[PDB]
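Encoded as structure tokens, the following chain is the form solved without this ligand, with no partner shown.
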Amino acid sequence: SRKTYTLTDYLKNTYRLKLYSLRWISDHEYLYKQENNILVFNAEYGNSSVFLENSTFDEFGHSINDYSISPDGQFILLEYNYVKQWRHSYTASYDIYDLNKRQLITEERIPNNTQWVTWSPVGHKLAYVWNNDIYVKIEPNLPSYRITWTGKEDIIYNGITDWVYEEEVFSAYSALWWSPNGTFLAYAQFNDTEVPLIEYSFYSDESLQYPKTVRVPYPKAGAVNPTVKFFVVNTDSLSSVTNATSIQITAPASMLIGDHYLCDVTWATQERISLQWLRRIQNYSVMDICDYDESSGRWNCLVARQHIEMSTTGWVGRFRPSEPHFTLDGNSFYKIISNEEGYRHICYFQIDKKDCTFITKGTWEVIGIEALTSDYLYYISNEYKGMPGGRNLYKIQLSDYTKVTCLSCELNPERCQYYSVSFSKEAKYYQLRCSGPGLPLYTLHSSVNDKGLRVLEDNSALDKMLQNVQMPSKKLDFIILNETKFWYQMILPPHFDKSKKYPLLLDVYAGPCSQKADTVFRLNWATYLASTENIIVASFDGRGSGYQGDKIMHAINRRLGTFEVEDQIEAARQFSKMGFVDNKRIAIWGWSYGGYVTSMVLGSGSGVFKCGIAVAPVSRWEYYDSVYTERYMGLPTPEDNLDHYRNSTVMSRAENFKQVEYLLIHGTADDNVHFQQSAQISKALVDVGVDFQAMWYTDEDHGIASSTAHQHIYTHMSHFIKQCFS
């Protein structure tokens, strides 16, 4: 029969997945951008209109990579001159377009090299960060109001996060939060003054005669962390002659006693904001609820209104404490916390009451709270069919927790077992996004009766195309390690024959709270390996995995590099015993945390694996950042966990690599997992006389995602795997 899914198909993206990215602008309408122009859709009937023609900016004179329409509908923020920084951060130039007078605003424009910009929640106010300082614009064409003056490159950050906060706690560059109606603008300030710098070379274009040395404040495990402060400013009480006044919100006392972090800020009402703080020993977190004092101007956070969230088995939250969802009056809220049984479920709080009431329970977990009406609470969980790798939308009646309704489970159980959702402003309508096991399916629904309004995108075009190619299949199942079940998935070659013995590749990540076994549909390298090369690509979620309760997730607490790598070995051991696996050809590969695990496995001396590839792996935890490492490892001091820090390195296992074929890959400009980590691995291997393969990627970071580097690394890795298996 026809052709298979080739490497070129993957690298050249011959089989494209269609999406349906919409942006709700009201409770009844959403904007649906296209290649050319933006349309506005009526959710109820489905009729649309052109919001603005593609031609509108034919002669803008700049390539626009992104737009942003004020909640007003009145203005359009045009982003261009994009220059990526870290995972989320970047700088760009901005122009505002008046949709009213259809004129491009040319006076008092936003400066170039702006670090961040955001419209207020309602009007058309603007808040942006430039040169590490915050600026507010009440009107697009009016002069800016400077809010901060302490901004200082690599030292003081106002309104934006520093390297570690961007990557580890906020997953964003932005560090500013508008109040609901736009009156107040809250923000955090980070001080990196004494944070050590990581320095590495950047070669740039061939014409650069001397390499440049990049240096960024980066706190490695146990090093000096950046400090943080929080402020709130009334954007309605600013002159044009008076330097704005930011009111600081400090403490709590339980946090100030030592190193700590700001891990969450969520507005409750127009005059109430909630803040969550975490101790450097991410065992203990505290939430403060603060109110604006009218005839005083300051903010007060009544103790008694603060809630403590701690863990005795591990750290707090999956990656960081969950965000609260306040009721209309801000007098109560719902937030996901760990059960007394170790499972994450929704707990209901009264802002001034210590104990909360769990509204959901069971041996499954709530992934997230998606919407909250006065009537219901909508959330996504993996309860359905008891499979932790599945996701479905559910709604629970606030009047009776007994009444929970699954809104996605039965829509199409064969094709859809993994959903994400997007609600309109007042949750009157919602879009469901099915991403597997079948082809992605996007639909619209109305909340009143949960009626399906219509299909938005069903990827029928991709479907027709794929029936002419021998596609691999996916098996999602579990095995049983002493009492507990652990899930795994296998990308099976077309025409799988359980009678035959196939070579197997263990695709691994295995970081804390990770999940590599799910019902998501994917077209990746594994697809090619199975379809064209007839290689089985498996993934296993062992100890340390997430979404299955803390007994499993917290198993590797203070013990990274132990049970999670061991279970990976044990899984392969069980796979090679299912009958369709050639135990003479079992390989393993991983990126990031998976690179670390891959390396630890290859250096375990288990003998189970013939070869393996590690891409940008961590080699010893003292080299990785403080916020992430310490969360699971504690401090690298003899009084705390130094011994295990020293026992879990890859280099200490160098000798065992004599029994395997290892390929080490790393980008030279990796600001996240520093090239240093692989430099130390290679050195320990050389010092022990172990031969291996290596490949550096000049000027590529942790993603090694530039077009050319991407195709090149996957091509290099394909040759390596085939050589090992053929």
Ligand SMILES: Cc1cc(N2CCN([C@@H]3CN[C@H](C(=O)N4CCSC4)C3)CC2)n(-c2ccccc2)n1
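Between two forms, the rigid core is the largest collection of C-alphas that superpose within 1.5 Å. Residues that one form lacks are left out of the comparison. Numbering follows the first chain given and starts at 1. Compared with the form deposited with this ligand bound:
- With the core held fixed by superposition, the comparison between these two forms singles out 239 as the only member of 467, 296, 248, 239 whose CA moves by at least 2 angstroms.
- Fitting the two forms on their rigid core shows CA movement of 2 Å or more between these two forms over just one run of at least three residues, at 239-241.
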Second form
Protein chains: 2
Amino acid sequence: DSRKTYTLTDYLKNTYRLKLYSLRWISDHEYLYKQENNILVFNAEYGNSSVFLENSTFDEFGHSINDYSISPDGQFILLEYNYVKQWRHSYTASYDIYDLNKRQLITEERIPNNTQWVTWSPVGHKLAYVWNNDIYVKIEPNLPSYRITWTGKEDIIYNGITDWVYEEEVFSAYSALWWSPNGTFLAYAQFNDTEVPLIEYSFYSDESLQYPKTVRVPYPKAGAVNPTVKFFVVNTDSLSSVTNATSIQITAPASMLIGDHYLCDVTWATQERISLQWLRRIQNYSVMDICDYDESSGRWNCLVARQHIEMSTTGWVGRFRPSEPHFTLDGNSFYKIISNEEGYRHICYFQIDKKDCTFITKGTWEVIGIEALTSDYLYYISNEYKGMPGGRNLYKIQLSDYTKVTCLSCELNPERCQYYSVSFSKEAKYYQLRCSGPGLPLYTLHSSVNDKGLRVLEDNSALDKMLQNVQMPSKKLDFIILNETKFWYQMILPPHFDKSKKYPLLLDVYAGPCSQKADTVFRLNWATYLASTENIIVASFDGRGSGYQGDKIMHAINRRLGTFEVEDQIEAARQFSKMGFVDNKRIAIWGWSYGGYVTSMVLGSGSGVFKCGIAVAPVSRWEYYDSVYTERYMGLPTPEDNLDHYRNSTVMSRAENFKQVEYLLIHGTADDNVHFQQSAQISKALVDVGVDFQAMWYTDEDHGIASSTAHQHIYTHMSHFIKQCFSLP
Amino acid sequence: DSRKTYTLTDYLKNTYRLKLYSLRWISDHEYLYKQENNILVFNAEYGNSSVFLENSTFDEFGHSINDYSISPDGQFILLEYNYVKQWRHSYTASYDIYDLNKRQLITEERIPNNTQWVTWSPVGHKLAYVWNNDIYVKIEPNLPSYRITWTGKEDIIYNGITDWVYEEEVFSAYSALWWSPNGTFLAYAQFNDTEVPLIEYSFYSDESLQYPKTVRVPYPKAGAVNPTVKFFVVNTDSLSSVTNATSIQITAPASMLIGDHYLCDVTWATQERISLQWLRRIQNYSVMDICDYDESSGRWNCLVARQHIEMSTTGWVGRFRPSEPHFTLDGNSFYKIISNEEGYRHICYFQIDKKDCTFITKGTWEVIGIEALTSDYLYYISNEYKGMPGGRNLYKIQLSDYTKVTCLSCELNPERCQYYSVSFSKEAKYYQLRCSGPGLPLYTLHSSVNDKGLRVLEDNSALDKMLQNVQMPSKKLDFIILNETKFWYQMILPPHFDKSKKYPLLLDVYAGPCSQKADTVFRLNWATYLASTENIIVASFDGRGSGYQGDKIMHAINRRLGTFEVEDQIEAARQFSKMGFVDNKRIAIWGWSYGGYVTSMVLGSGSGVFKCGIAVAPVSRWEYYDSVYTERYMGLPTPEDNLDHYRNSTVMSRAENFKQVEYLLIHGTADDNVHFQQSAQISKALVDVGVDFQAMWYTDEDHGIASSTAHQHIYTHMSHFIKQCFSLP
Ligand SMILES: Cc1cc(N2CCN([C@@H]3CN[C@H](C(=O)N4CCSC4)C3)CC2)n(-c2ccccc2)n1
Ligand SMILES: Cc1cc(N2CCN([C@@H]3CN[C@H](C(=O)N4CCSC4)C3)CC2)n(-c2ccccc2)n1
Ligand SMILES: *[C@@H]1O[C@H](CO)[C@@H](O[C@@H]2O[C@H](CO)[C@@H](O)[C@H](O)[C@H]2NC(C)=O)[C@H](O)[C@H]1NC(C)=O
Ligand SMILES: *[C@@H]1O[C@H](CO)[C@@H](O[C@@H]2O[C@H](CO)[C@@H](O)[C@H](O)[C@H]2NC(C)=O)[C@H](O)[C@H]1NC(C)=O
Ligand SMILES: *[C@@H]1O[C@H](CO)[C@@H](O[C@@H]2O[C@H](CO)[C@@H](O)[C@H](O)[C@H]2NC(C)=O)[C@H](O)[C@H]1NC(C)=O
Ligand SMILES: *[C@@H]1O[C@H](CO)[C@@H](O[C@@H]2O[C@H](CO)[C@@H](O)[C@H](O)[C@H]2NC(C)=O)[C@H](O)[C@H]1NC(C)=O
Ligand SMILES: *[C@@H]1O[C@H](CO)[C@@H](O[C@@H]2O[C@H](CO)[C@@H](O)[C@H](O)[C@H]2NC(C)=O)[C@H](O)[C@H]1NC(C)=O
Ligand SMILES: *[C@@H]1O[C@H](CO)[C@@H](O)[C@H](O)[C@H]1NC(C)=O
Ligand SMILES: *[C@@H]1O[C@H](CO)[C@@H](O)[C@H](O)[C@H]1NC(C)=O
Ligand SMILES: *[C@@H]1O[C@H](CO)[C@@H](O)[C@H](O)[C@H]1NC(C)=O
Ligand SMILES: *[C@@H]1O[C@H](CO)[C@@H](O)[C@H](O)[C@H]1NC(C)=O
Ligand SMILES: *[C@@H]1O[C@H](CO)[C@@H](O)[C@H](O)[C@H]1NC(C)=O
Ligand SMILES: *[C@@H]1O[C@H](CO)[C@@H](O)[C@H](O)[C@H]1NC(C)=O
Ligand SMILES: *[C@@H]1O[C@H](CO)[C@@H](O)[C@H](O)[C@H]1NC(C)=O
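What I would like now is the form deposited with this ligand bound, since the data block earlier showed the form solved without this ligand; can you produce it?
Full complex below, order starting with the chain above.
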């Protein structure tokens, strides 16, 4: 063979690029799509377009525009710029509104600078924005704001936005406001961080800064004091008629009030009915309230007959958070994903005043998500097809006859596409299918009335052509058996793979609870280069604790992080050698984040299986990590709860066993999530026992080490180390 | 040759220890010596001893005593324990006092815990001590203490102790207390750091600390707000237990009060005469005031007729600060090292009320220090012997005839001993010589009356014969010519050095202003292992800006740090590489601190001479370093002064050029001196141009990376690096 391989320059410089089809549905019939930096509107039924916004229109705006969003009624567009990333989801920016009718910018009563979030009402053109930790509402883009809260206080009181931990762990989103479905009410959460301890780290900034600055974030580590939360609803329709419109509190149930708790879900049901879920600090008990506006009293009431209680015997509640409800039009019933009697996650259907739900799906497989609900159908993604827990397909269940279930995606192109996501139009008339593997991604448009394919949106044939002429790795997804249970693994295999030759193996690890590293997604990444150019088999493996294959497996690491998930990676490696195509002298392991911890635990296990390993931004001790995530899996680090296992599960306690391996440790200094602290303590421990290792810090990089230069630097650095570890003299 | 080499373990585990003989003169006739934990008193004339303190006297004391300090009159002993390091000289400790007459510990009115500094008066047994930034005085060990200052305040107001920058740079000590020669008066300085910005960094502590802490130190960076200082004198003979102490302030001369300035020297002349020097923040103007106590007034008066002005046109004043005066018995005249007209540092004789001084020494060589003064002789150390700048000998000059100069150490043992330091008895009747090279250290005792050599104190006999069984490297000290100027170098040469063989070379750099790395001192260090086990030549070179050779060379880097001193190392290496025994393909460079800065600048120079190098705790940008040190050499970083060269002289600007070399960058996270920031900015810059390098941070280590485990770990890592850099294909 004489075609070039997939090299590291190829990966780092993005020579081979995936084409996407990111559309935004503006109605049941139309979607927006960015083409040549023009923004086009598409008729779904026929596939014709017009230009919605010409690429010339903001030439003389004077600012690089970061993003855009159109009022639901089409009359205005919101423009975002001066974007500066905050955490994983949060950022600040400047904003302006362009009147789409008048074809004019709006210059009075403008959204202030340094605004933290902004949302259109779901209908019409109301705006809700958060500035200086307070909520404000405009009825019309050009009119003065109404202030909603007066309590905003930097790092202390958050109205309508999350604090660090609620952003990262609880909502995995920044905003904490929820418009009612026709824009009348605005629901919002308020977070109090007064007694939450601060993480403190240096930020060095450009070299022109003489003194480093101290970044200080309220961040509760395990067992520490948590933010408290309150919930409010204001009637925005009365702001123009009243001076200071009252924010009506809905208090948490008495069974949450008895101690530390969380607000873990907000979902509107109807115009006058909202639902909330709370979760005790011990994350095995949740309560859903369903609350109705009492018109004559102006107050919200949650009838105890409508409360629903979820609880767990074998582990925590939900995959990561208690699962969200989906309401039928009338708000009298709802669908929720919950773990059945066998431990598998399936769709359960509730009436709002009955506690017992009815299961509409079942089997040894799981529903991944509920994607849309019409009067006749519920659409959902699952891994049912062919018993492949790492597969994804779109299903449709007939509401009047549960035995009538159609796979809408399975057989469309079943050699090329086993992993789907979906985007439904506003009332589910159309759906876009997004196939992400095991062949090249494919984007298709479908009409829901007949379930027929309307046209191919993006098929990536341009790329396929280029890839024909490159020695690509292949991928093997399969299982092995242990104690009579299936555990999946995938392998990125060098081109011309030969079962008779002996290959070096790199074990790629994440292995956190409900993770999945063995799937059917097509990826171009570092592993691609390693299999293609360096002839390394890159393996991953879903051992105990992993997701989408049921509770028996997922909860097996309940309260016991740093055990089975760790042993099973080692076991995985023993089984690859046993396959006879793996050089037992050249087994490596590497992981980022949770994977950094597992890699490190495996390297300090004293197993003899691995020659070397790389840990990037690892957890090193569970007490250093955040309360919400750590406590969900570990409980509390108190003598009466689970301290023994917190202390027994640190990387540092294994320092002496790192004498047997070559170790590369890497961490960004401004990592606000897994604090440099945690690698500072691994390195100190290794020094203390006289172990030599390799280290790299990334100045002002966070958990993602995602900046362009640093991204390339870290994969270059790691490549040398892998090659060095494997080099044969 | 079947003998072992001096290995890396040998260096790190101190297999071969230099024996010393540290004594403390107590009179003109006797000294103390710590022998097998016992304290012995020696009579100098005869060499006989008695036991002063038996080691077992405190067997059941409670804690391990860190240090002892006997009152000058021999009645009491101060016991130091609970020693906790602060900066380079500062610490806190606890203290108890033992009465040698009553043979019992004092239990009444003990010195408080966390005492910052304590000192006996130079006669008798008074005590002055600092606690919570205030000065206290005990006339008797058991008597209640009088409080002298009430202004003391953490990180803000310092009485009788220094702030960070005065400790490190100005006094190079922590005390700011000066007893008068018979203990009547106590002179002290007060520092005010109110507007001095804080350096902040993380400290991680032991594993069990859940949240890292932020250390905050008042530290002025180049051009920032400096501390302000005041000077006071209190009569301790007139204290009341009923009235607050009265401190008489001596204000600085008007020509210092016009702007930012420093207090740089305090030296008592008599019982009632004290001298101070003040230095302008632009450190090329200093003035000495001489102030007499006015028995009528109770005030101290500094007659302008007694003011002494010192200035430099080519650089700064004094080697690092203006030199100390050595007064005669009556205090009417004094001796002081100042730069002569040829820019060589020589002894000048001053009358207290006359502007001009008289140089009593002269020549193209320099006086290192004045060590002792009698009515007949001044004893000094100089580098005159054989015009060797890196050698050190003891001389006496006859005060009535300056032509009568006698060398007291030159001829004692020329082959073994070319580097001396001395220690005189109280009245200069006896002196100790410490020879420390080029052969093994040798300690001897002498009498001044006829310069008889009484006896050998310690000759390092054991070690000598130990070393005979090891393949010890040799040291070569020589010079090269650059523009008709002699510049010196040293090479640590491997055993059995073979000039027809080609050796790899490591350039060991410091190169700071007034530095000296080519000398005759005998050292057992990293370079020793390198030459002996690894057969690497380790060279050091003293180029422009190096000290002890006149201001023509020392001042060449004035306002121009990171130029000639960097250029000169490259040229040295260049020249070394053209010698026949140097492998021009294997030349490395390393430095710590200022040498880390030079190493990095050299590596970024684009010279092509060096294949690899190591920088430990380097300065990277002069604006990050402290004011006193940096401004002395660079002036102010304003466009009206020397900003451009502050910006021309960064490691960061040279990042591109690292592309062609292998670089290891190492720094401790708790470095209060050269802040981690300096390396964080280096790392970021290399990341930004795409240059691979190696790195190592040391959690909670400071500038010395000196804790036993970190020490062994750093040298282990560096050894691995150098060996890898020097391996052939
Ligand atoms: C399919 C999916 C994945 C996740 N998450 C997002 C949060 N994520 C954690 C956020 N912080 C954690 C983290 O960063 N570490 C944990 C231990 S090592 C570092 C992961 C796990 C996956 N969510 C989710 C979780 C909570 C609310 C909504 C969605 N849903
Ligand atoms: C023979 C000698 C050496 C020094 N010094 C001590 C202080 N030292 C500086 C203290 N901080 C500096 C430092 O640590 N860096 C400077 C450049 S990189 C880091 C060195 C230089 C030599 N002194 C001295 C200086 C001032 C007062 C009294 C004595 N005398
Ligand atoms: C709108 O109403 C709120 C609540 O009634 C007012 O906020 C209160 O103001 C008082 C005194 O200023 C504080 O002591 C209370 O704690 C505040 N309560 C809350 C919930 O913030 C607010 O001032 C009103 N706004 C206007 C413009 O009148
Ligand atoms: C956020 O929480 C703190 C308590 O954790 C509240 O602060 C207290 O407020 C009362 C007045 O109602 C004071 O008397 C207390 O002394 C305060 N305690 C502390 C610890 O500061 C604060 O009001 C809360 N903020 C809200 C709800 O906006
Ligand atoms: C959105 O839903 C709200 C909530 O029901 C509607 O507000 C009510 O409108 C009816 C008119 O039929 C009145 O009887 C009630 O007094 C209103 N209640 C409140 C609290 O405002 C609102 O009309 C709907 N808005 C739109 C645009 O359809
Ligand atoms: C230490 O210095 C600060 C100034 O740096 C002094 O504070 C000033 O005090 C004067 C008189 O009391 C006031 O007029 C100023 O407003 C203060 N300035 C600032 C910036 O605080 C402080 O008093 C000094 N302390 C001592 C003991 O000398
Ligand atoms: C140390 O020297 C001081 C300063 O001269 C002595 O104090 C003076 O002593 C004389 C007698 O010799 C008295 O007439 C003065 O009134 C004293 N002056 C002051 C300012 O106190 C002191 O006696 C000496 N101290 C010791 C312990 O010998
Ligand atoms: C703007 O619009 C047209 C697409 O029809 C094209 O000429 C141009 O490439 C577009 N893109 C720009 C100006 O970035
Ligand atoms: C697409 O074509 C139809 C005609 O069949 C027309 O009515 C519709 O408005 C067109 N839509 C767009 C977005 O161009
Ligand atoms: C929730 O967890 C705690 C401790 O793990 C346990 O004692 C409690 O009974 C649990 N609740 C349920 C319903 O199992
Ligand atoms: C040394 O010897 C002399 C006797 O000649 C004696 O007086 C003196 O006290 C002795 N000194 C010591 C320190 O033991
Ligand atoms: C220092 O602390 C110890 C133990 O806490 C205490 O017993 C002792 O009295 C203290 N020392 C002084 C001088 O107060
Ligand atoms: C001495 O002065 C200080 C501060 O000025 C004051 O706090 C203290 O009360 C005074 N004490 C006496 C006894 O005068
Ligand atoms: C001190 O240095 C400055 C700045 O280079 C210079 O202008 C001046 O001549 C010097 N001061 C004296 C008193 O020589």
